[PDB]
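Assemble chain E onto chain D, guided by the hints.
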Amino acid sequence: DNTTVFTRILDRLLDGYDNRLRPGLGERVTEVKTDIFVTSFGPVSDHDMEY
Amino acid sequence: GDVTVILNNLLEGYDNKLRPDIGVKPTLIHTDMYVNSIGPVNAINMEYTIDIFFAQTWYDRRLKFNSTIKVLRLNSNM
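Top to bottom, those sequences are chains D and E. Sequential numbering from 10 applies to the first sequence in the authors' numbering. Sequential numbering from 25 applies to the second sequence in the authors' numbering.
One chain only, chain D, in its complex shape:
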């Protein structure tokens, strides 16, 4: 019955969480490590100068 223990874990995680504050609001600069996987380069519209 891991569903109950995982529910308790999640509810302890979100208990007292403020989604308006970035992690390390006072003493850190957040480091967002991005990445991209281009599954398909769509058609480059020459009329609108878009792609």
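It should be emphasised that the hints constitute simulated quantities derived from the structure, not laboratory data. In this text, a Cβ means the ideal position worked out from N, Cα and C, and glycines have one as well. Please note that a few of the clues may not be correct.
[Claimed, not checked] Restraint-style ranges between C-beta atoms, simulated for each label pair:
1) D:60 / E:48: 48 to 54 Å
2) E:69 / D:30: 29 to 35 Å
3) D:13 / E:57: 52 to 58 Å
4) D:28 / E:89: 43 to 49 Å
5) E:48 / D:52: 26 to 32 Å
6) D:53 / E:52: 33 to 39 Å
7) D:49 / E:99: 29 to 35 Å
8) E:48 / D:50: 14 to 20 Å
Leaving out everything else, chain E in the frame of chain D:
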């Protein structure tokens, strides 16, 4: 930390349907812009596309706090 306490104290007894100074005086709003690109001006529809960064700044005596932090920087969650 304490910023959560500040944000909670600002929204206790707050009614977001009433403009600041609802029955006192008009609200002065300073508006700025930044025109990125003015798109194609097609004459057929007599229209033209524009892309801007509309910024509005006003005074709200209800969102007034007194703590060590001077400014609160927030995303669209508030």
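Cross-check of the supplied hints:
no. : hint                    : in the structure
1   : D:60 / E:48: 48 to 54 Å : holds (52 Å)
2   : E:69 / D:30: 29 to 35 Å : violated (45 Å)
3   : D:13 / E:57: 52 to 58 Å : holds (54 Å)
4   : D:28 / E:89: 43 to 49 Å : violated (20 Å)
5   : E:48 / D:52: 26 to 32 Å : violated (57 Å)
6   : D:53 / E:52: 33 to 39 Å : violated (47 Å)
7   : D:49 / E:99: 29 to 35 Å : holds (30 Å)
8   : E:48 / D:50: 14 to 20 Å : violated (57 Å)
When the structure is compared with the earlier hints, violations turn up for hints 2, 4, 5, 6 and 8 and for no others.
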